[PDB]
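In structure tokens, one chain follows: the form solved without ligand NAD.
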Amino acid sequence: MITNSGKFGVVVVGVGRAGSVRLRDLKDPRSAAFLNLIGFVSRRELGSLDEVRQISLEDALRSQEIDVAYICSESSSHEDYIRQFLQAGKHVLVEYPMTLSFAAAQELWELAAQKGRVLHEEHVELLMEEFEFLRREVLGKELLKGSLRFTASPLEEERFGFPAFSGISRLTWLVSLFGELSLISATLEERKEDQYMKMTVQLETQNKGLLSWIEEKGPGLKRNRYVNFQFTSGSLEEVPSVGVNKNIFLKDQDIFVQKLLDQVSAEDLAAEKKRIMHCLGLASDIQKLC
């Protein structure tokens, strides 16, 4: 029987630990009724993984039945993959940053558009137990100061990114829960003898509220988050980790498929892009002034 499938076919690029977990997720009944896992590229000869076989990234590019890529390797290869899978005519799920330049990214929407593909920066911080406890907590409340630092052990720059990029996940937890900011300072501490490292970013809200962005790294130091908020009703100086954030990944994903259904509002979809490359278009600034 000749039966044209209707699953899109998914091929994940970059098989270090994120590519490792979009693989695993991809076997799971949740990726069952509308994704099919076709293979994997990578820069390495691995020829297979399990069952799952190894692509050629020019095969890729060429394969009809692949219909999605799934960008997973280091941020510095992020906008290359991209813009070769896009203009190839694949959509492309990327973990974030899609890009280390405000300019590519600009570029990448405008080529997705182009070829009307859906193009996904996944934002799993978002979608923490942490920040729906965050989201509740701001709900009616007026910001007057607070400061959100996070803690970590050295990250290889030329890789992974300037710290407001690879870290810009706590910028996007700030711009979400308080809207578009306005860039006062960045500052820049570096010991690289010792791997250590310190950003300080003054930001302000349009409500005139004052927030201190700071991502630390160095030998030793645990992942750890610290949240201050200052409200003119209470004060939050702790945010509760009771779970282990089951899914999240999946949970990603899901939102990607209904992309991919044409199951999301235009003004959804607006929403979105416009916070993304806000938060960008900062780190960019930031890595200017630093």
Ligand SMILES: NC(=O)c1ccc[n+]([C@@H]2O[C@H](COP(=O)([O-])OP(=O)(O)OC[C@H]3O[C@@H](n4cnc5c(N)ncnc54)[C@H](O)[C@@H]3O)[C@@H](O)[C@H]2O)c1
Given for the second form:
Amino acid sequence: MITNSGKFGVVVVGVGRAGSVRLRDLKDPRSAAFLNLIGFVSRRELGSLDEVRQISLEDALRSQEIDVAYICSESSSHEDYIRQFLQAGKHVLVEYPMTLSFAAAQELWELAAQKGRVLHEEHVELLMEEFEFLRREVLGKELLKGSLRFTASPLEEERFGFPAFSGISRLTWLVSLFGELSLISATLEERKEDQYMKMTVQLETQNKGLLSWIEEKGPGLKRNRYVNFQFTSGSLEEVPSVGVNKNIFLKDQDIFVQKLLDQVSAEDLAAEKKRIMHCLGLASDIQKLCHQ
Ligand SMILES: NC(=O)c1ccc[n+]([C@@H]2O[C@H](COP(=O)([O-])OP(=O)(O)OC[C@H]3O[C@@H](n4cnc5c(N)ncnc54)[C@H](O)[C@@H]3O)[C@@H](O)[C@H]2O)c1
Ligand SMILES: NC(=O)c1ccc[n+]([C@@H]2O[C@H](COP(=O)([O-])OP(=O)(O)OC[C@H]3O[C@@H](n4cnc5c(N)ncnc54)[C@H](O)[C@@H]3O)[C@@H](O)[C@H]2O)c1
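Okay, that was the form solved without ligand NAD. Show me the form solved in complex with ligand NAD next.
Now the complete complex, all chains and molecules, led by this one.
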């Protein structure tokens, strides 16, 4: 018999850590009712991964069975892939940062609207158990001053982008919790000899709260997050982690599916886009302050 599936055909682009996780999740029962994994695109000659076939980029853009593209490649290639798939009429889910350029991001949102497609930038950091804790903590409190520092191993800027972009998840935490921020200063310390880098950013909330955001990367440095928020009524210097954020990417996919089903209000869609663009704008400005 001839039956037209009501499910959205998905192609995963880039099979690194994120891509592998997306492929795994697309096989989960939580993905069964609305999504159909068609294949994956890779710059390497894999041919297939288990029962999932590799499809050339050219064929993926042409295929009428593909309705959605998950862009999981390195940051520097996101812009190009997003543009090609939107132009081809496919909905797009892309891992943050969607681009390494504010202007480029503006262009892509406009293109998505033009083609009537959903463009979704994944931000699992807002779905973390640790963030739920912070959301409850800041509720009804006035931020006087605070600091958020994240340390980790070296990361190739050429592939993942400038630190403000590669670590935009930390900035997203701050903007989500305290609203739009104004940039006061930004400094970048680079010791390529020791594969070391430290970016220090000073931001200000609309309530005069002063925030310090530091991103540090160096050999041997363990992945650590330091939080210190001082409020007018109470303080916070530690965020517990008792879970492992299981199925966090499926939670993000669930949001994307709600958009595909057109079950997200215009207001919610607008608020999210405004936040995304504000963060990308700040990252872009921070880069200029550090490089110029
Ligand atoms: N055409 C190509 O070269 C090519 C290459 C790759 C993928 N595809 C994909 O294949 C799908 C369709 O083309 P296809 O030929 O490959 O698939 P297909 O025709 O081999 O699919 C077969 C299924 O359709 C049913 N069916 C088809 N015509 C029927 C009829 N008249 N009466 C009763 N049942 C019928 C069969 O019984 C069977 O369940 C699309 O999803 C397309 O993207 C096509
Ligand atoms: N891997 C994740 O958990 C995750 C979460 C959100 C966004 N992303 C984005 O996915 C794309 C590539 O991701 P990948 O992990 O699949 O490729 P990858 O497999 O090439 O990554 C190799 C290494 O880089 C690290 N890494 C990747 N993106 C990073 C980032 N923004 N900041 C700090 N370390 C990072 C990984 O954890 C891993 O140790 C990038 O655009 C990235 O920002 C990845």
